[PDB]
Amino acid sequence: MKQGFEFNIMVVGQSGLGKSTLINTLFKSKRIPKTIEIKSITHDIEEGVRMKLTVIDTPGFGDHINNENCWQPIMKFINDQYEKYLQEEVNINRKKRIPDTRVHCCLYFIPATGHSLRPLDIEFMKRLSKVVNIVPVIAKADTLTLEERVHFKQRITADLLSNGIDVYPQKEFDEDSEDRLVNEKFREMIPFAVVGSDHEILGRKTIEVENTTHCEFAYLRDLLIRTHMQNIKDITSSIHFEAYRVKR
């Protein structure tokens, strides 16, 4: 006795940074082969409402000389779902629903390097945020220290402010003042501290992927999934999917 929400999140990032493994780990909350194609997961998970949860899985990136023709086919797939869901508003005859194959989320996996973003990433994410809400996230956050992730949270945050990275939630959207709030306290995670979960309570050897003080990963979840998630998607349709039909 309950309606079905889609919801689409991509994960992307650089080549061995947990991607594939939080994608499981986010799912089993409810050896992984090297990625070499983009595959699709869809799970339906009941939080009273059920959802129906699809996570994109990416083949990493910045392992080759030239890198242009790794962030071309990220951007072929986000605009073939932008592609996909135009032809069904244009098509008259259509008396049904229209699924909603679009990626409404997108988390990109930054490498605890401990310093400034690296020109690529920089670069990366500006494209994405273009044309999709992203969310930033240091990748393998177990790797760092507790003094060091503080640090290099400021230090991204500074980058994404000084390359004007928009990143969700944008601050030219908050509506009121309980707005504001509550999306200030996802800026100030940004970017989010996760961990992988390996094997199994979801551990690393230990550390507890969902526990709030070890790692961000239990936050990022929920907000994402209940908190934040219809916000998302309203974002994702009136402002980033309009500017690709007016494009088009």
Second form
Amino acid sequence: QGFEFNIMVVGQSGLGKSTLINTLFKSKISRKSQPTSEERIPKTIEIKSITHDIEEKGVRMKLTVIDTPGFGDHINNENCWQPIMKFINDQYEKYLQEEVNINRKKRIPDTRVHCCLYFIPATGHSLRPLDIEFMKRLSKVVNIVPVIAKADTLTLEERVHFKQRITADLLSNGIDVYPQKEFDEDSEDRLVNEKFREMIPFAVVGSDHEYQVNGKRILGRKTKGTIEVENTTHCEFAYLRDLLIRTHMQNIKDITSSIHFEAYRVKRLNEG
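Structure of the form deposited in another entry (previous: the form deposited in one PDB entry):
A lone chain is what you will see next.
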């Protein structure tokens, strides 16, 4: 409840974004003791913030996940990024104003979007122009971690090849994703960040039910077998989960404050 971290999920509707939010919170909020299914989630039509307290080791922190409406459902989707871009810049503006005030708060509320999870449809080809355009715009103002939505849609071979095509599109379009190579501070950071970089975009699966096996809580998605979403042999959600821990959260925030928010300040100076 001290250290704050804000994640936004972004992507077209029907990619399992709202589902993965619930999966992520459950993956970091321990629960001992029954076989239960999840309720159906309505289509997300408004930007909404979901905040829960989570504990790592024994230290508490406030995790906020921002759910967003879909884009790309229309014939013409020009400027469909504006509501999300507006939200992001609004948080920067709030923080800036709190910071510049003469009688500022002793503890400034940080509602800045520290990272965006960008959901890519599991098409099997390459990145769509819309998603390229949206991620490009986002990457200029916020940390981006792309993910393959509903990765259970892909065989392993399809997944490997799809990742190569997506990475090629990101790189050829100059879309920097977290962790950016230029921000590696030392050799240990490099070795850790290389593994993340090689795995991005993460093949994730969202859970629709939980149970317990041999004392261990399993977050799972049903199929005509059960996908254990935290099993690294089933999908890569666990790697995403592990990226979103105390130490890397801090590095993500550090880039948000020192790179993106600082860039925003410069923008506000070049305007007035």
